[PDB]
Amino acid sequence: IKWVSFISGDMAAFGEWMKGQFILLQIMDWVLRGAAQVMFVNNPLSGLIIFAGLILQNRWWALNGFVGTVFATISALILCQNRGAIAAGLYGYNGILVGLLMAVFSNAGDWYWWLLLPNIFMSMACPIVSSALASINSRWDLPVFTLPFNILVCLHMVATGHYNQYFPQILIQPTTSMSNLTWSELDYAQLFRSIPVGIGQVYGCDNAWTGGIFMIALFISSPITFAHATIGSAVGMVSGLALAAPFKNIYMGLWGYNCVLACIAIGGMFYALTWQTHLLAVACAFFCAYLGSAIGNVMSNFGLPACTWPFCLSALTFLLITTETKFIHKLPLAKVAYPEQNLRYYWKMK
């Protein structure tokens, strides 16, 4: 009971205890804590679970993610960006995403040690871009989200491109052939297995076991996040079916990571939870899937993956709408927390 409360939420007691210890242990929390905040979680335990899932899939990707997030945190410190924001991990999840997605899309092969240096440089530059986006987005009271990650990875990726001698990348070509979609060949087992692999694809992992581990991590923190995550993956696969995407893309979960993230964000994290806000989250996740198709097709010309760009665009657009009803209530950015605490704050204010 008490222990379950302790391991839930943002882990506040652990937070004070870690305050006392040496700078080195702390940097570990701040990196474990920021590892799991891609999915809007401030739980170090869940972050360790996320890391375990990364190790399970591929050791090289996990090592790159770890080094990227640790160097993003170190860069946030050296720049004196903020304390209490770095300590909550707001500067590390961009770094881990940059490292992981640089390791995923690199054609140089596994254990290519020279990949660390661009990884280091991109991850260190993440706090700079995060502060730059925070300066712009603070006028409208909007969060940075995953935009630094997108900007930095897209740079490495286009800069170098597939035809590079030192840091080659994977081929991304625009579609130029009519993909006949034999509906009788659809497999329902993989179609429903697209739910865990879809949530696992947030970090580039396409292993159903890693997706299940990520779902376990989300459930440990807050069941509401888990529910919105699984419903986001479901609407992502449904939209992929509706837009005649190849069945392999749906099975791999390429249509689900933007939707799961967008449903987590709008439904419980930044909008106070309500049935109206729940349908807003579902509509936002559908629009995020459809815009994800659009973005993936647009970015294919340059030779780049869609990444988390659709999620940012949809989440910002929804987070910006103004309404004449009191049910859809945007929370002030200073008082945003895990969705249960946000609902508690909404109840206390009302």
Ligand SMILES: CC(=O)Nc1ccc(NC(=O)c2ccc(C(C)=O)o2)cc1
Second form
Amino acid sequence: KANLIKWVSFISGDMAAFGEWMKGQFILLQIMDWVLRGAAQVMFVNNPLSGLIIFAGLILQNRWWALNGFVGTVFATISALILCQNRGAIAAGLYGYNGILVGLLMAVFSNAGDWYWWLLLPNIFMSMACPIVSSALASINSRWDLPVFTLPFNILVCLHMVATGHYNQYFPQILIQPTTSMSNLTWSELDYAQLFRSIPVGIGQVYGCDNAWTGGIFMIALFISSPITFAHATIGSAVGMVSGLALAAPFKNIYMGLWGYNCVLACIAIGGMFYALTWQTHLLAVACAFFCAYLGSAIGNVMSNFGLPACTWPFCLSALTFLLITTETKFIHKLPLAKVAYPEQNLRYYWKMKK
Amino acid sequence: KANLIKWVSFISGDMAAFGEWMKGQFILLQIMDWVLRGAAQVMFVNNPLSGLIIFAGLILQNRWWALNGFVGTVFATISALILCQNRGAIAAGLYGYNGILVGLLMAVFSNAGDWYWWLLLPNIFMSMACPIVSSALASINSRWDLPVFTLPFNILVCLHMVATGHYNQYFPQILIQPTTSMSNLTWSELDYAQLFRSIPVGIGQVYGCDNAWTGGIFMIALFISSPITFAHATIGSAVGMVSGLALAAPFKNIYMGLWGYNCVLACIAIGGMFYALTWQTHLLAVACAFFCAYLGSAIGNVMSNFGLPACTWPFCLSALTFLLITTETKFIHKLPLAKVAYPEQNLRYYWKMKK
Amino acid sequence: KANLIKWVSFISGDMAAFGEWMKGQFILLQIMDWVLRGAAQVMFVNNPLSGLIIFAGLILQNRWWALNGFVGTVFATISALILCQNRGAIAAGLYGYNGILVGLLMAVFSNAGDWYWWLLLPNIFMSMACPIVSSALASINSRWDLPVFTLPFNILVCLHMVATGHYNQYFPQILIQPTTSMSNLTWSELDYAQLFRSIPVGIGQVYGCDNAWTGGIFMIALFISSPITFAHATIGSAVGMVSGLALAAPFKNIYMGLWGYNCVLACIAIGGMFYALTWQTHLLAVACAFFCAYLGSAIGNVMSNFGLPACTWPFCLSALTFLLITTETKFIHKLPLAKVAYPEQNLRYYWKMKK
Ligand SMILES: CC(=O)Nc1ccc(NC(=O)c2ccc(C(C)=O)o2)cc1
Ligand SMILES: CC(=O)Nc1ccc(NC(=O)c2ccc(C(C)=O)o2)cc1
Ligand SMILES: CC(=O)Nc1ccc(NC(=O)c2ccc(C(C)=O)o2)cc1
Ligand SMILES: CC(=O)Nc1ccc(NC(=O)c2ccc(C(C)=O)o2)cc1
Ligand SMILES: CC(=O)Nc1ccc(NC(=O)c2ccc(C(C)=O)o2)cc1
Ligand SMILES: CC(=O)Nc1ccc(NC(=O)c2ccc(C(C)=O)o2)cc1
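Could you present the same protein in the form solved in complex with the named molecule, rather than the form deposited without the named molecule shown above?
What follows is the whole complex; the chain from before opens it.
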């Protein structure tokens, strides 16, 4: 009984005990810990165990994608080290999540086929640029006390697959053409099992995986760390589903969760992560999730002309917008960046402050 | 004699006496006053009477457009209230003009036809987002002491009609395709009555109305409040006309005032409104109006690829550029934002300061 | 012997002795000096003699292009004077390089043919807007202590040739269509003389000249002022060549140096000019040059949809990114803007500081 509770407290949330021990151990095993934490940080989670769960999901989805993600995040961490960035930040996985996203989405969008080893070569360079660009953004955004927010990934993944494009002999990408025909959406044709399955599929799309089992694995990883993040994740994916229904989105897109990943990320960040969890904050999170869906439709349409995907551009632009709003209410409380942690610590910090 | 003068002083400029009385009256009538002030604030005018004049013009142009504008501005005001934004700002109509523009231009660009009630549903949401985005912009721009400048509207109206597009089953928009053929502009074909009628048509296009009578109504509303704003309005529309002639613009576009609304807004703001009215400031306003026309040609061409209109993107980007320039002359005086009012108060404040 | 050394010291680097004398002489000859310094400032060089060398190269390439460049830079200087901008900045050519680039590239991209005198009319206006926009950018960027970096030129040249476009009756521009066919790049077809000749051709493309002799003239102008700038120039052009090979770029583009001008500018700025010259800084400069090539491929592809060129947008966005990165190493030292001069003075200032 007490043992199970102690174990639950230990694998929950940022592993403070595990993090304090790691400093002592060997450098390579530390690097592995930082890579795992960064792999979990896409979901705003600082849990190495959730990182192993995430990598299990990625291995389940596609082994080439998992390899690209691993090499991307490890080289992002190494580049953060060689540039002498803050090791508190590297050890918290704040520089590796951009790398894993870069690797995963270059694997996803590459038309060269599975096990195209040359794709590692840009995967390294874009990952090495994940720290640089991150710092370049942090400086601009630290003025308003806003986080970096996956913006580096976006710039890099787009910068790659607009520089190469579909008609590139070395690194071809998938053809993304803008919609030039009216779509006959039939409500009778809609399938509800797939619609309600879009929640895990959206949680999976956060990493680029379209498999529902991978999304369930991701939710398990979230619930190991923070139940608030899990709740806001499901709510964000549901908001994306409903919004896609409301904007006459093609059904196959809602089924594949392409309307959910931006919304889930927005709901995590604007819920517990940067704003103190209050009912006002939770409704702000749902509103930010709805806005984010519009951004996904918009940024998807505006970037389909360039042959580019809309990838996390929507979240950043929504979460940044909702983190910049100034109100006269003391219930929509914006946390300082250093103090920010998983939503439970944020809630405890908020409550102590008020007392 | 003295009575007419007193009445003129009272309906002129920000109605200080009317504003001080309103605080006392009932909440709903206050909301109506704030809605009317916001409707007049597109023209940078804080006059409720000019707001009634503007709504008369909108009713004259299209009753569906007027209804969408009214619902948009009322919901922008309500959203500003529920988010606990400054009531000095809401009472000055600084949160409702974006809403009325959103409603009007969604009505204008919707291909679903007149009296498409479902268009109210996005008209509400984009209007509710007018405060949020406004604050999101204000924070960034308050650092340089600049105004939001209708940027929220732009983001929202574009975000809508790039998310939906022409090929959307629920909210179709008009097809805006980029120019793919050379145009044979004939100077002999030019009609001068329509060219010189483009001044009121441009003042109308500020709100989306292409009717010359509506533009005359708008000028009457301006002259009730501030003659300087009226003069700069006519000058801006004329600058847009001349520039459109100078850039080989199609004649039908100049006739319909599509070259004037950005220029008139730029000339109002860079003339009396944010810069103290000096001959140097007035020439800066004319130069900003000319720049703005180039932006309209440019932003129109760059956004026609996305199927989007260029709507007020040009003004903001010009007025912001001309408000950021630093000179060593004390005659190009940039006013602080709180002190800014209608150009007559700005001139009086400037002159007192110098004395 | 001592005489040759004294002369070398005098035509080297910012001509401090010549600059101090000029203040005394007549206003028109001063204006000529400032125009020449601005013509040399595209290469980050404050040497009037290098300005004469640059204008000799431009006259060699195309006399229409040279005339447009001269009129653009002279009107940029005049506009900087009439707006009462800092004469320390005007006398250093910090306001004329944007003008010469605007004139040169409007001449380059105009489809109206050689000696189209009407092209002078926009060449004047865009040049007159070079100071305004410059100040508009400086204010934003002085907060982070970064330079304007030729961003004004970019905005203006693009703003022109997106406002006019290929199908414009008065100011037609060249057709730039996005790639819609796969290219069969053959390594056997590659010619090495042209590949290695791409270094001077890239240095020429910095000003828009595709002639190798003009590039050699430009390198001579650089070596008169600062050998470090010459070394970083050749290294940047070589990096652009190698990157273009690495991204499957068409061979004719690498031969014409279209992959080098952004890289050479990035390597100059991130090498000696704004960062103190250290081996860490030099590797940062090479990395910034490689990033810049990706930007050129990307910004070229993203802007080819609009019918626009990618012109120096890549450099600014790379140099700005690499100037915003914050590290914990004291060897990547960012110089303050006022202190910045040619790389030799930067190195001497750095070394004195450390002592
Ligand atoms: C002192 C300081 O600035 N600390 C600080 C800086 C940045 C962040 N941001 C994140 O952890 C983060 C942002 C976005 C994301 C994802 C995966 O979307 O993850 C937290 C704290
Ligand atoms: C016709 C068309 O627009 N297709 C299309 C649109 C958008 C995307 N984007 C994604 O699938 C995606 C998955 C995961 C991500 C992330 C989190 O970066 O981004 C692919 C294809
Ligand atoms: C303390 C403070 O920031 N006050 C303050 C803030 C914002 C504004 N801006 C406006 O009224 C405004 C800007 C643009 C427009 C339109 C319709 O174009 O109208 C004035 C004063
Ligand atoms: C082929 C093409 O580009 N057509 C095209 C271009 C631009 C517009 N924009 C407007 O009409 C407009 C009117 C009023 C407004 C405002 C103030 O927001 O914006 C429509 C159609
Ligand atoms: C006090 C202060 O801000 N000084 C200051 C301001 C701006 C610059 N920038 C340049 O000289 C410059 C930037 C970019 C370029 C080119 C041709 O690319 O040339 C230096 C010093
Ligand atoms: C199909 C296509 O993309 N063509 C294409 C692409 C890019 C350019 N840009 C330039 O040539 C250029 C030369 C010099 C400059 C500068 C320094 O401003 O910019 C032309 C044509």
